[PDB]
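Work out the full structure: start from the sequences and follow the hints.
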Amino acid sequence: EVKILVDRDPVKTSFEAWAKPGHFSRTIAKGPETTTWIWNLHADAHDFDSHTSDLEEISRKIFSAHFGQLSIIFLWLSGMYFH
Amino acid sequence: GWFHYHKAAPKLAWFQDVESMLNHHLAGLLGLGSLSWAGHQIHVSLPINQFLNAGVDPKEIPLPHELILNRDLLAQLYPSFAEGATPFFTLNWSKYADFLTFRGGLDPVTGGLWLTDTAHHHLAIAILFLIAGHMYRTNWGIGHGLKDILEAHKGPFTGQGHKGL
Amino acid sequence: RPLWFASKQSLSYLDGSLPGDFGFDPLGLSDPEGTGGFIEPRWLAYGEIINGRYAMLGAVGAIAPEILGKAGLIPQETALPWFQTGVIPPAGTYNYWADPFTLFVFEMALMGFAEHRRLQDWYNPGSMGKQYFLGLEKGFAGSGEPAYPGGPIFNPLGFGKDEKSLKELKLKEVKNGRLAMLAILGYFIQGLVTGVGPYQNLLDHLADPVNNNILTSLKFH
Amino acid sequence: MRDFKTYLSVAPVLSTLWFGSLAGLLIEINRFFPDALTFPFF
Amino acid sequence: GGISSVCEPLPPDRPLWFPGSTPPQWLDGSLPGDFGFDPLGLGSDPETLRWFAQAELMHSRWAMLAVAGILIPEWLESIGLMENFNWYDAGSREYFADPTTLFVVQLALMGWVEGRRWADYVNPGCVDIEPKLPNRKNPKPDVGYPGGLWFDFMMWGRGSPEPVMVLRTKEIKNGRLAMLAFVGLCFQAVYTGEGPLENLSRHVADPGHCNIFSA
Ligand code: CLA
Ligand code: CLA
Ligand code: CLA
Ligand code: CLA
Numbered sequence: 009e010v011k012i013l014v015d016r017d018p019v020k021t022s023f024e025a026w027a028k029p030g031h032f033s034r035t036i037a038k039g040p041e042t043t044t045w046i047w048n049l050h051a052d053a054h055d056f057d058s059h060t061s062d063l064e065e066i067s068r069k070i071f072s073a074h075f076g077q078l079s080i081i082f083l084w085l086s087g088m089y090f091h
Numbered sequence: 174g175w176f177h178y179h180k181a182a183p184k185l186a187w188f189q190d191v192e193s194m195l196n197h198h199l200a201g202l203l204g205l206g207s208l209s210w211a212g213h214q215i216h217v218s219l220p221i222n223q224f225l226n227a228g229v230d231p232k233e234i235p236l237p238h239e240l241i242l243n244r245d246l247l248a249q250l251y252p253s254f255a256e257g258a259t260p261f262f263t264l265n266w267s268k269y270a271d272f273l274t275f276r277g278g279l280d281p282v283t284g285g286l287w288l289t290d291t292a293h294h295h296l297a298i299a300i301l302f303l304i305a306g307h308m309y310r311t312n313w314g315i316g317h318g319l320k321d322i323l324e325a326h327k328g329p330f331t332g333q334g335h336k337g338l
Numbered sequence: 054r055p056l057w058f059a060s061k062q063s064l065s066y067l068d069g070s071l072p073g074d075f076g077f078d079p080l081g082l083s084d085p086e087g088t089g090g091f092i093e094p095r096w097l098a099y100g101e102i103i104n105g106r107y108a109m110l111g112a113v114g115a116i117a118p119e120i121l122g123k124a125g126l127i128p129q130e131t132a133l134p135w136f137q138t139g140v141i142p143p144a145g146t147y148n149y150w151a152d153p154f155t156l157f158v159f160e161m162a163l164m165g166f167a168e169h170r171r172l173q174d175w176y177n178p179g180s181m182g183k184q185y186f187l188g189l190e191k192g193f194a195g196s197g198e199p200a201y202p203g204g205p206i207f208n209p210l211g212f213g214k215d216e217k218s219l220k221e222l223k224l225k226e227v228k229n230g231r232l233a234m235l236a237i238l239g240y241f242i243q244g245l246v247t248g249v250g251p252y253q254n255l256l257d258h259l260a261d262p263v264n265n266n267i268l269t270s271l272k273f274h
Numbered sequence: 001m002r003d004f005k006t007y008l009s010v011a012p013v014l015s016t017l018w019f020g021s022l023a024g025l026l027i028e029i030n031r032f033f034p035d036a037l038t039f040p041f042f
Numbered sequence: 053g054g055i056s057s058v059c060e061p062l063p064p065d066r067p068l069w070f071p072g073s074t075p076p077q078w079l080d081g082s083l084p085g086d087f088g089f090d091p092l093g094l095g096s097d098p099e100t101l102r103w104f105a106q107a108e109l110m111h112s113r114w115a116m117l118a119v120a121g122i123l124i125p126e127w128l129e130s131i132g133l134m135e136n137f138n139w140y141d142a143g144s145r146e147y148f149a150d151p152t153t154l155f156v157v158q159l160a161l162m163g164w165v166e167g168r169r170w171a172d173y174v175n176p177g178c179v180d181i182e183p184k185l186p187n188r189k190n191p192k193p194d195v196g197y198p199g200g201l202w203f204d205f206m207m208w209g210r211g212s213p214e215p216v217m218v219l220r221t222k223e224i225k226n227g228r229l230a231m232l233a234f235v236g237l238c239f240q241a242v243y244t245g246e247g248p249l250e251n252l253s254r255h256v257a258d259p260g261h262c263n264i265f266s267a
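Chains as they are written, first to last, in the deposited numbering: chain A, 9 to 91; chain B, 174 to 338; chain C, 54 to 274; chain D, 1 to 42; chain E, 53 to 267.
Listed next, with one range per pair, are the computed distances between beta-carbon atoms:
1) E:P63 / C:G239: 52 to 62 Å
2) B:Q189 / C:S65: 19 to 29 Å
3) E:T152 / A:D52: 52 to 62 Å
4) E:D80 / A:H31: 22 to 32 Å
5) C:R95 / E:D80: 27 to 37 Å
6) E:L92 / C:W150: 31 to 41 Å
7) B:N226 / C:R95: 54 to 64 Å
8) A:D62 / C:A144: 51 to 61 Å
9) B:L242 / C:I103: 30 to 40 Å
10) B:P281 / D:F19: 51 to 61 Å
Computed cross-link-like contacts, DSBU-like style, restricted to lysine-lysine with a CA-CA straight-line distance of at most 35 Å:
11) B:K336 / A:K69
12) C:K183 / E:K222
13) C:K272 / B:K268
14) A:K69 / B:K184
15) C:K191 / E:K222
16) B:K336 / C:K61
17) B:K180 / C:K191
18) A:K38 / B:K184
So, partial list: chain E residues that the calculated Cβ filter (under 10 Å) puts toward chain C:
19) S73
20) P259
21) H261
It should be emphasised that the hints constitute simulated quantities derived from the structure, not laboratory data. Each residue gets a CB set at the ideal place from its N, CA and C atoms; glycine is no exception.
Structure follows, in structure tokens:
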């Protein structure tokens, strides 16, 4: 029962979500009406539990964020070894 | 990170396989990592640091791969290396008492822990983690179930106990 | 159908259609549920076939120069163990007509051609008969099965025209391939433990069996 | 490409590029005209 | 039947850089040298695609002129009709003027014509150089491919001997080859510490050695 359960190509790699700030939630993607929105955009950025109610997407985002953190740590270690 | 989200993303049941994750992170991450670091300390760190603490100039010290291809170069510092891995396979581990020591304290030359102590420590830690990583159940019926282990512990004060955790 | 260490999960997808199928999959790596990336069963079988073919080449190529040198066929300076031919420069290096990195670049370019073409056949079947490639593309159309393309270039003698002959030859190929990669793993382990070459290991075992074993080799060298 | 250029036009990326160019200009000016306390050109 | 002066786009089954792959949707074969090579998707925006096509054309022409002016004088020096030619040291030679004032004069003169070309790209037909003779009709040129009396005094474009698309891909391909060549020469002059033709001579002899891996 413990197998490799993996779905192929769930998210399309594109810069469309880069061009729209705050795409992850609904109350924020409508656009800024006040300056507070900007702060909100940096407050709910990594709150994956509030973006979606599905545990699968949250877990996948967690896994890839961990990978990015490991990449940053390896970059920092490379910098220390170079210096 | 790009691949495991945009191309081949794991399913929910892949993440909820906590038993296999614990087995792999206790036997393959910590245990095998400690074993590999113990191998590096035994084969590289010990002779280079012995040469350094002997006053040999660092540029004249043999390269770490030279102590791997030439077993006699490592055997001059630690004669047990002349016996190979046969003392390990015949359970004559006391023959390895020249580079695997329970000395304690600090090195008077350097002011740090003995590197032989660290090598033996990482070896023992690797063994303990590797035999501690075959505990939880998986595709084969041997092993432990975390749910059953939690549900088996319940007392009069706590009522139903750890069930549901 | 004979089964070697078959499992209840393993028999749910290994139905004997693939050549050399004995139900052996304890880890369930070819499970068709949640399949993606390189864990696809078709890709796994294709990789097994390619690895087997390469190891059938390698298990003879890593032992032929030693045998020829012992028999004194072609000069002994070219007769070296497989790790002494510049593969591992600490283990030994031979002076060819080119620098080993230059030879690596030449090999990388030639196999980049010959293998990215195969990869694009795998991605798009029959796509190498369309684009002009020196007029040879007519022989690169394939047959729809990436592991066994056939054609006048890869099957020039026309072996196995009959379906039962094709199945028998596929079984022979996968079995000899599996034996060859077992032999290549043995080559690597014997080089790591003894370090005198596989043919010298065979000669030492033949000269005396008791003194030369796996048991009396744990001292390493 | 239009979406990537829109991302390059967002506030932090554009601010980073502008302030990096300004900081580089100021640093090069301070290298070529160091220790400036007055304006002596006039 | 006559001479077609319009570029003919390549068919969708044209040869590609990576055969067996799907060409990108923004590369439909209407540009010269179109082989469907855009891994990064830099030509997705059509306006930026036009700007990048013009930039590639400009880089192609400058690179071909550059490599010609490197190789032909170097081939003359090896023959012996040039006494002390060296393209790496050519910038530090002694001329009738300082490099700075020559650079300023070159900047002004070249920024005239580069800026006339800019106005033509922004507004096609705003600047016309081909004479408007009383009954001669001047055909409308494509942006980046001008030329009546001056730039195309041969009338080799506009459908004459080889169709306009064929000659444009020929130009673009020679240009790409020249850009790669010039970058190679720039790296070789600082790596090998020698000239181009000398490096070719020591590579043709014993090519197993005298490579990138032996300086
Ligand atoms: C465009 C074609 C081109 C050609 C024909 C040459 C030709 C030559 N180069 Mg140069 N070179 C080029 C581009 C090119 N180079 C580029 C793009 C770079 C780096 C950005 C270099 C950097 C370079 C170095 C560092 C050295 C040479 C040297 C040499 C020789 C080859 C041996 C070698 O080690 O270099 C191979 C070096 C590379 C970095 C490979 C670059 C190849 C590019 C990416 C593509 C060219 C492939 C394409 C099929 C060209 C068509 C071939 C033909 C029909 C023209 C040979 C005289 C060597 C020398 O002369 O030593 C005595 C040497 O030391 N070259
Ligand atoms: C024995 C193999 C194995 C190993 C070595 C690891 C190791 C790791 N896992 Mg675990 N994991 C395993 C099996 C394994 N896992 C299995 C079977 C499952 C599913 C039940 C999980 C589920 C899992 C999750 C859900 C997460 C991790 C995470 C991590 C990382 C956290 C620890 C840390 O960063 O230390 C630093 C450790 C290292 C850098 C040392 C070297 C380890 C190398 C780089 C890793 C290669 C291991 C990989 C499993 C095998 C390659 C696959 C192949 C196709 C290339 C670490 C790289 C967390 C993470 O950080 O993810 C990015 C995380 O989110 N794991
Ligand atoms: C090259 C790798 C390889 C691969 C990809 C396959 C692939 C396949 N095998 Mg074959 N097989 C192999 C080698 C391989 N085999 C060998 C060596 C033998 C003889 C022992 C067999 C004998 C065999 C039988 C008897 C059966 C199969 C079957 C299968 C299928 C299901 C199992 C699976 O998913 O494998 C995926 C396997 C892997 C991804 C291989 C790597 C696994 C780890 C990384 C190996 C590490 C081991 C290595 C020795 C240690 C490293 C040390 C080194 C550094 C020195 C699949 C088509 C079944 C069938 O139906 O056939 C079609 C079946 O019944 N195989
Ligand atoms: C390398 C090959 C090359 C090719 C195939 C093309 C191809 C094309 N160009 Mg481009 N072009 C190039 C290089 C090239 N160009 C360079 C280096 C520049 C910068 C000066 C330009 C700038 C340019 C302009 C400004 C124009 C074109 C035009 C055209 C068309 C004319 C046909 C042609 O040029 O003749 C193909 C054959 C050759 C290029 C042979 C090479 C020439 C040799 C080396 C020297 C010439 C000989 C001799 C010295 C000249 C006569 C002497 C006389 C002055 C006394 C065609 C679509 C015209 C256009 O598109 O209008 C529709 C247009 O007017 N091109």
